[PDB]
Amino acid sequence: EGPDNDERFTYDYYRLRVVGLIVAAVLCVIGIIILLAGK
Amino acid sequence: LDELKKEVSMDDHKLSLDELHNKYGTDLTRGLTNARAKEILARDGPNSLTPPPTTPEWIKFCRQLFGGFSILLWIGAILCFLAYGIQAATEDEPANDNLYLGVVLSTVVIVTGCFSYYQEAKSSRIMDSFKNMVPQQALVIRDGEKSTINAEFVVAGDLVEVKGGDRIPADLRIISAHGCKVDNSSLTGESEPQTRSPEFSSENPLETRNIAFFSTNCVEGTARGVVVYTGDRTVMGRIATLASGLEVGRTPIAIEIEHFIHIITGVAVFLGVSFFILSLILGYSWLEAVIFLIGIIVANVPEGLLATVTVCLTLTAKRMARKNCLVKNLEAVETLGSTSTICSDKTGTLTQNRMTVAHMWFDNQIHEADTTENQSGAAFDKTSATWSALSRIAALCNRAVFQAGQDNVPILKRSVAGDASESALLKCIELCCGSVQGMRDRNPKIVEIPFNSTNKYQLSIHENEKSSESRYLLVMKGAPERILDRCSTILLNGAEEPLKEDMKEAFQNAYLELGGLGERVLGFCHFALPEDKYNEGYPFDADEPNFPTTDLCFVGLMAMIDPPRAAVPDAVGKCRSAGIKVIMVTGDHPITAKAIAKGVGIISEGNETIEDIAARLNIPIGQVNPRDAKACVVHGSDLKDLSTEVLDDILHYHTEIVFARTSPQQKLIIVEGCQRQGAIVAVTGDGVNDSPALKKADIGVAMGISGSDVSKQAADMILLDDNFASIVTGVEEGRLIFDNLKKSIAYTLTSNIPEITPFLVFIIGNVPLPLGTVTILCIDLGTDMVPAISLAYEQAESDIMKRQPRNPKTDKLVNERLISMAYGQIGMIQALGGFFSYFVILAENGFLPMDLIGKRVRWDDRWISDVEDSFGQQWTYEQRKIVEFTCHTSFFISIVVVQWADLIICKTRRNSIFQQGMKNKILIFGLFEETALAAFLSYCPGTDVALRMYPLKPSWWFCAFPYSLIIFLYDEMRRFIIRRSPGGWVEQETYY
Amino acid sequence: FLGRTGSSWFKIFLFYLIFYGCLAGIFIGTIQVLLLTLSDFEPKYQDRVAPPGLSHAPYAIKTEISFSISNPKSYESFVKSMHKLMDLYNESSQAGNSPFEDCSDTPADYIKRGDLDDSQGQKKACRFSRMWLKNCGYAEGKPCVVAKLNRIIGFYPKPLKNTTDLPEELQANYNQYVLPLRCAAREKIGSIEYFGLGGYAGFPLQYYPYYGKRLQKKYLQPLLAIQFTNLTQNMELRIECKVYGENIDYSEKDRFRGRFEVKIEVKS
Ligand SMILES: *[C@@H]1O[C@H](CO)[C@@H](O[C@@H]2O[C@H](CO)[C@@H](O)[C@H](O)[C@H]2NC(C)=O)[C@H](O)[C@H]1NC(C)=O
Ligand SMILES: CC(C)CCC[C@@H](C)[C@H]1CC[C@H]2[C@@H]3CC=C4C[C@@H](O)CC[C@]4(C)[C@H]3CC[C@]12C
Ligand SMILES: *[C@@H]1O[C@H](CO)[C@@H](O)[C@H](O)[C@H]1NC(C)=O
Ligand SMILES: [K+]
Ligand SMILES: [Mg+2]
Ligand SMILES: [Tl+]
Ligand SMILES: [Tl+]
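Line order of the protein sequences matches chains A, B and C.
Counting from 24, one number per residue, gives the positions in the first sequence under UniProt numbering.
Counting from 37, one number per residue, gives the positions in the second sequence under UniProt numbering.
Residues 25 to 160, 169 to 217, 223 to 305 (UniProt numbering) make up the third sequence, in order.
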């Protein structure tokens, strides 16, 4: 917007962290699954 | 020091009984005086063995703390505390950087110390096992009276008494004996009881009957003797000292480790000081000049590599534990793969160590029995009525019996009370005719004449199990020729017939052939006594010939030997196909040694000794060109008068070598001879007479079930199931781990470049620091760890058992070709991918690449809270630093992303991934966990403080992707060239 | 030689020359495409400069400006940087209707010169006289520090509204058009005096938004002179100058995030 362009200097680092941690966890689980296919 | 002990012993068995007493101030009848014995005790010292001085574990741990990488990491750790000290004095720095980094680095050294300490293990209790062979007490005659004393109180000169069941307390001169037999397997590896008597019977004291040795035991009878040697001075006490004293030495794998440590340490100190001066010239304060150096150290040293090696070794040892192959020393996991020569004991190693029936001669025909443990062969005969007649004599004319409670274990494995030949016959009949006890119940023995030294035969009279007869049957066995002189008829295919010169000659032929096979041959015959001349109550006199022992019916011959283990012939061939030379080294007699050599394939068909040529051509041995003989058989008595140079010529000039009737020191000498030629040597054995050789071997392998305690103490590896096929597996595993270590090392080293280059450009370019010191440790200690380990699970790219053993002088674990690829090619591509993401982060935040050159001065200036970017905006100190640390984080993640491809390319040295596939589940695990770790380290809240890791935007992850792919393609194209032309260019330049 | 023969030494050179040549050419290619995705007038991200920093002229050794009044070369270090900044706000530097403009001598509202486009020439910036900075060689005794708000493209600094309570409660509250700056230390052993545009202790909103170096060169940002004529002497005084606003925030880590950290000591 014009004088109300506050969103330009903002970033949702909170969501990014939530998503990043979700991904890291799921990649960790996936890895266990493939490894445990025989121990 | 031990050169004296490598020599054959000198003795006094040639002296008379009386003469021997003068030498030791002793009485043959009364024995020593209580006072004289105590005097000699203080004089000579105790009848005991002293363990050699060991190196304390303290010094062993700390010796690792100073080996190249640890030295550089120490210089870094201290240089951290240096910069910290210089700070705490000058400008009060409330930070924790240099202090904490100095603590972290010192911990890395200590923990890395534990890994190398675990790898360099030496579990040795040789002298302890020997000490276990000296009895607690001994029986001596002192002041004309026998008393038990502490065996350590035994001295040279006193009168000792032994009987069946006790250990020889010391080396004795036999002066009196009654039916005494002894087990000399300690000195020979052969357990057949040897008679002991006062009479001298051989110039060689290790063969004479009037000497009994410490480390052996009396098996039966009784004997008295004069002590000639005590403690360390006994024949086997010296073997003990020799074995326990031998310098261990560095393994092939250990030598390789130190070698690349020098290389990497070299480049480290080079670039280290090369850029330390390069910085001072650029006008960098010593305050900074050291900070850069610390970074250089951390970049160049692969912090997690030595521990990777240890883990890869451990994991390989775990797989072998699962095939009944125990590894006592982690490094011995690889030595077997580098082995070019095997020196093998015969008895209990190549052989089962059990007299077993091998052949039978009946119906004018040679039949072969199955000698294998698990009976993997086939039948020979069952139909012939002759067989049942021979079978009956083998069962009936036999005094051997199975020990109680064996019905669970297989026939051939069960313990038997009796001599070896009777046990063999027992197990033979029990196997192919069922319960022998049954045959001995159906035919009650009424009278017998046990085998006599003079008779040279054993006879028995039984009540024929037949109801229509129920009469008296005579059976006998003995020396083949003696049995022949007592026969008139031969049981041919059922019916008897006169013994014509024809069949008599066929007997001699059969007899000579079986004997030529190194087999012990016995004759078997029977005689159905006439009914009218022998009533159902007729008494037979065993003392005086009350019955005919002539004109009997010859039934057949039986031959026997201590046979090879089932897997041995095939394992020997497999070792030989892998280009490993196999030598036999045995305490056993030459005829037996040679026969098993041919049986297992040590001596291949057609190959001759000089003696064979001479007999065939009917010419003198001196007339034979010795170069025409590729095979040789050396008796220990001849070995004794040969110099090592002459032993070296024997080793060089023959492909098929048999060393027979060797002493324990002689086995050591042969091993050393092989090593002297530059060969990596394995020893396989099971007896205490293998202990020195096992110790000196680059790798000693002991048998687990049949092995003596001493042998297993002297070894690096134990075959817990006595499965000789495990040697073949071991060499295969050894070669595989050697290749996989290269892959894992290249992988680990490759990521050094993207950690070095940022620090260099930081100096030469004056840009903001692309990657931090902490960030490097997150790679080498964190992300790269599981992937690097996973390479240990790689399958072979080709048939490794088809290639020759590596040349330890030329074929190195880390060579110039590895460095060229890891440092010069792949690592360089990784460095760029790192920098790219760095420029991306900065440029998208407003600092375009052009304006970055020569800005670090203002960038690092803590007091400038208004640096202008390319777009004209102003940044505080902490604001721009957040972007900088975000650059460290994405550079870090870029390494991880480019290591994805590197992990896949390091999978194979030659083959394509499209050929080798992706069947390594540990490797795939590594990829997932590596990425999980990196993501966690970036996105987990609080990690921005502890590690300076900042959250990355999704687009950031993909910066290095095009570089990751170029790596995959590049290496795939390169290896395509290797395969397409075995010529050499790409091969001799980059082929690890 | 060391490794190989001359023929081999050559081939290994011909390779790495072509190899590294290609790699350099590829690296440059990826840099090209990166630049191609970026604007010339505005950076892709601005969340890392977001809350504006407040920086001053006196180059602090360590957020500190200690000196002796009874000594000449004791403050000549801080006068060097003070001069460096103010030397830019010269009238001879601001000449003609291009590219400067005379703007309200009293704090006014924002000025939009269109978009971040080159569809116009150099966007005309408001003039600023260093003569608006009353009282301030500089203050040889009791320094005359000069404040500054960090430039951010398209940033509209918004003052706080007088809805509730305020630190400098309602005094000279030019609510609509001034971004205030109140310095503080309890510990009240000083004498705060502020100088600026229109005589206000703030930044005139008519200098915003900043259009960037590419679209606005020679642009001048508003200054706020602060004088501490403290009646005290020979002691470290921790003085913090704070700016207030809707778009202004602070951090415990970044001690320059919309605030000062000055340790004055007139040890004379
Ligand atoms: C910006 O203004 C300052 C004001 O002090 C100028 O400083 C002048 O320097 C000259 C020569 O050194 C002196 O004779 C004057 O006394 C100073 N003041 C004035 C008001 O003229 C400085 O030269 C100016 N800088 C530029 C680039 O124009
Ligand atoms: C950051 C940049 C400027 C550094 C570049 C370093 C280059 C020149 C280095 C890195 C790795 C190096 C190579 C590594 C391996 C070998 C194989 C060896 O048998 C001869 C030297 C040779 C061929 C080296 C020559 C120089 C080399 C290519
Ligand atoms: C600042 O200077 C003016 C003259 O320009 C003078 O009248 C005044 O006293 C000075 N103010 C202070 C607080 O010293
Ligand atoms: K050994
Ligand atoms: Mg043996
Ligand atoms: Tl490293
Ligand atoms: Tl590394």
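If you are wondering where the hints come from, they were derived from the structure by calculation, not from laboratory data.
A hint or two may mislead.
[As the list claims (entries may be wrong)] Simulated crosslink set (DSS-like; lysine-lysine; CA at most 27 angstroms straight-line):
| # | chain 1 | residue 1 | chain 2 | residue 2 |
| --- | --- | --- | --- | --- |
| 1 | C | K254 | B | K891 |
| 2 | B | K891 | C | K158 |
| 3 | C | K225 | B | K917 |
| 4 | B | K167 | A | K62 |
| 5 | B | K917 | C | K158 |
| 6 | C | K174 | C | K68 |
| 7 | C | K158 | C | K290 |
| 8 | B | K182 | B | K42 |
| 9 | B | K917 | C | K35 |
| 10 | C | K193 | B | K891 |
| 11 | B | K891 | C | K225 |
| 12 | C | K86 | C | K225 |
| 13 | C | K158 | C | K300 |
| 14 | A | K62 | B | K891 |
| 15 | C | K304 | B | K917 |
| 16 | C | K68 | C | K250 |
| 17 | C | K254 | B | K848 |
| 18 | C | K108 | B | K917 |
| 19 | C | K35 | B | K891 |
[Unchecked claim] If you only want the chain C side, here are some residues facing chain A, beta carbon under 7 angstroms, derived:
| # | residue |
| --- | --- |
| 20 | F65 |
| 21 | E66 |
| 22 | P96 |
| 23 | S98 |
Beta carbons are placed, not taken as given, at the ideal position from N, Cα and C, and that holds for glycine.
Verification of the supplied hints:
no. : hint              : in the structure
1   : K254(C) - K891(B) : holds, 21 angstroms
2   : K891(B) - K158(C) : violated, 35 angstroms
3   : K225(C) - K917(B) : violated, 34 angstroms
4   : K167(B) - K62(A)  : violated, 44 angstroms
5   : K917(B) - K158(C) : violated, 36 angstroms
6   : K174(C) - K68(C)  : violated, 43 angstroms
7   : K158(C) - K290(C) : violated, 34 angstroms
8   : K182(B) - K42(B)  : violated, 37 angstroms
9   : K917(B) - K35(C)  : violated, 45 angstroms
10  : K193(C) - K891(B) : violated, 40 angstroms
11  : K891(B) - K225(C) : violated, 40 angstroms
12  : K86(C) - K225(C)  : holds, 22 angstroms
13  : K158(C) - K300(C) : holds, 23 angstroms
14  : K62(A) - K891(B)  : violated, 53 angstroms
15  : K304(C) - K917(B) : violated, 34 angstroms
16  : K68(C) - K250(C)  : holds, 15 angstroms
17  : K254(C) - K848(B) : violated, 64 angstroms
18  : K108(C) - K917(B) : holds, 25 angstroms
19  : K35(C) - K891(B)  : violated, 39 angstroms
20  : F65               : violated, 13 angstroms
21  : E66               : violated, 9 angstroms
22  : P96               : violated, 45 angstroms
23  : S98               : violated, 41 angstroms
In terms of the numbered hints stated before, the structure departs from hints 2, 3, 4, 5, 6, 7, 8, 9, 10, 11, 14, 15, 17, 19, 20, 21, 22 and 23, listed from lowest to highest.
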